[PDB]
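Presented below, as structure tokens, is a lone chain in the form deposited in one PDB entry.
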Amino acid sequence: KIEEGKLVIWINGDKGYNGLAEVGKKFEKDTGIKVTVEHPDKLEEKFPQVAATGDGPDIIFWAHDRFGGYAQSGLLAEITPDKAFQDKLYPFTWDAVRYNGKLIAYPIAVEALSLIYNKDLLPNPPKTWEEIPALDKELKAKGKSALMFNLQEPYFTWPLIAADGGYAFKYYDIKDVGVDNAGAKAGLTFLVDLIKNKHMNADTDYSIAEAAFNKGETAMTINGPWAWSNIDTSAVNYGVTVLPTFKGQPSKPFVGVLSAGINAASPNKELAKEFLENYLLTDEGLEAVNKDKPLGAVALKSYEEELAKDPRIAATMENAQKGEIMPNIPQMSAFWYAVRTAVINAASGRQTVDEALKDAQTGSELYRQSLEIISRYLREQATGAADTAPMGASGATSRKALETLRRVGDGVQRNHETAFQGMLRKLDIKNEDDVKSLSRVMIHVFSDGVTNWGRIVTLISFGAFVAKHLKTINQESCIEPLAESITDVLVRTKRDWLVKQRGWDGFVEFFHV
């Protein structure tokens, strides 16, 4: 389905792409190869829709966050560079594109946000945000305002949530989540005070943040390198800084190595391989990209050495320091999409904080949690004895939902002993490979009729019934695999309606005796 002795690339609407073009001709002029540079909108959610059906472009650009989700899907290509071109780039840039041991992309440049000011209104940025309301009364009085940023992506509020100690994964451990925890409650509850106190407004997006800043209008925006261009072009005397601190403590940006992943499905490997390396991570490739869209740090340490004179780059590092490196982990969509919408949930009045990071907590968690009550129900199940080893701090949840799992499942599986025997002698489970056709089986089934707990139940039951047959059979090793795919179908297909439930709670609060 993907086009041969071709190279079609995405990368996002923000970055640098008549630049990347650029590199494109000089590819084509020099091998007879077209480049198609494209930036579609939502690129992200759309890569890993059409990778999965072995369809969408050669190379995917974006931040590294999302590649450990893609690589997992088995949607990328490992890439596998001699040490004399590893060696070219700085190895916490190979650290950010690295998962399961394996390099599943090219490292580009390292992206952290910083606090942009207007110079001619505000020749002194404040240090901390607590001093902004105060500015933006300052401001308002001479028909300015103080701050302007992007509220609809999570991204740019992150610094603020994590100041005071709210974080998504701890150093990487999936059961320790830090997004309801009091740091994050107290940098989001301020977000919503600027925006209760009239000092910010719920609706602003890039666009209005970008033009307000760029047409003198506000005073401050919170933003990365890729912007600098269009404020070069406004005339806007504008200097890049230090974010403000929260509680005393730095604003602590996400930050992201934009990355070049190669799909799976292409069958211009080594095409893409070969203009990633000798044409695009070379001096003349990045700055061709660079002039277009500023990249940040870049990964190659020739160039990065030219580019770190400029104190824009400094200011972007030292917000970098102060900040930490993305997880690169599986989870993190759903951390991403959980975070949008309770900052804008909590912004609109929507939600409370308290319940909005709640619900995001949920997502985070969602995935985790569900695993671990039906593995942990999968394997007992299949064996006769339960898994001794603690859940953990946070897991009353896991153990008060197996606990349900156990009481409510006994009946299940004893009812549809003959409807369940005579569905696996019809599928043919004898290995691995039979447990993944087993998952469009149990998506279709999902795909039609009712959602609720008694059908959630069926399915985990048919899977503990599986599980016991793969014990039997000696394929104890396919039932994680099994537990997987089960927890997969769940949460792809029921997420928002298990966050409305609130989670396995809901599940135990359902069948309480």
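Between two forms, the rigid core is defined as the largest C-alpha subset superposing within 1.5 Å. Numbering follows the first chain given and starts at 1. What changes on going to the form deposited in another entry:
- Among the candidates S447, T472, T31, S477, the CA atom that moves 2 angstroms or more between these two forms after core superposition belongs to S447 alone.
Next up, the form deposited in another entry, please; the one we just looked at was the form deposited in one PDB entry.
One chain, no partners, no other molecules: that is all that follows.
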């Protein structure tokens, strides 16, 4: 699908894509290879869909947090720069793009949210979130507002949610999710109260907050370094500072490393490597991008040394040190989707803060909890013996879901033995290659039909049936990847339905004898 002898690059529409196009022209100059830069809407959702069919761009730019998902699905080339090139970037930027011990992208720049304030309206910006309501009352008397920022993307509200204890995944334990704890609830409650008391509007998005700030209508916004060009042009007299504290604690922004990955399906891998190493990640390449939209604190030591002198970069790094680097683990995409929904529903009053963060916690935990139940059932079906290891967190849910599946799953395998044996004998499975192709059939058959617990038990029960065969033919090491792919089919295709059902609690209640 992907054409040979050219480079197609995807980058987000808030970055310096005209700058990047100029590095493209310089590459074409030396090589005769044309470089096309695109900025499609929702490119971070579209990349996995298209790349999975061997389509999409040669090079994808995004914050590192999505790249583990892409690498797990096999959508990225491993990159292998020599030590001399690795030595040119900060080791912590390389750590952001390492997944399962392998480098999966080139790091470009460190991005952290700051408080941006209009110095002609607000000579001393507020140190605390708690003083913002009074400050808004003062500014409303003068025909202005205290603060506007994008309430549609949870990236911008996260720093307040994290301040008093909210977290995605502890230190990374995927079993320990801190989305519906007291600290998260306190942060999101303060946000909702701001909206209730008319200090902010639930509909405010990127464009509205940017237009209000850049015209001098609002004293403050929250945004990253990419936003500074547009403010420069507007001749607002602005500062960039430390985010306000909440309950005496720093705001903790999720820090991104803008990263460039190479599509596994690209026939132009050596061209992409040459472009990124020898054109983009140079003093002149990054300057060309930075002068279009600021990158933040760049990975390339030589150029960071020049930029570090900027007090706006010093404030970006101060917010970065108080926050933490995003995980790159594959459930980051599921975490963001759940938290986005929670913020928008709490802000709009469609749900309470309690309902909203309960559902977000269920959504963030869904893959792990589903794998635990499905993996345990396939293994105990295969061997005749239950797993002794503790169930961990929500162990009650897992144990009861497993006990339910033992009753309802064994019933399906008993009543439909005829068809299950028929299908099994037809597939003639003898190795993990056979199992990988079995996976392909399953996704199609399961997605084709309607959504209910009966069809979900049937998928899992067929999995148990196949697992018993794999043990029988000394292919026991194939059972975990079978559990993984059934889990992936289930939570990818039925996420929203599963969350509406209260995940595996809904399963336990539905079949409660």
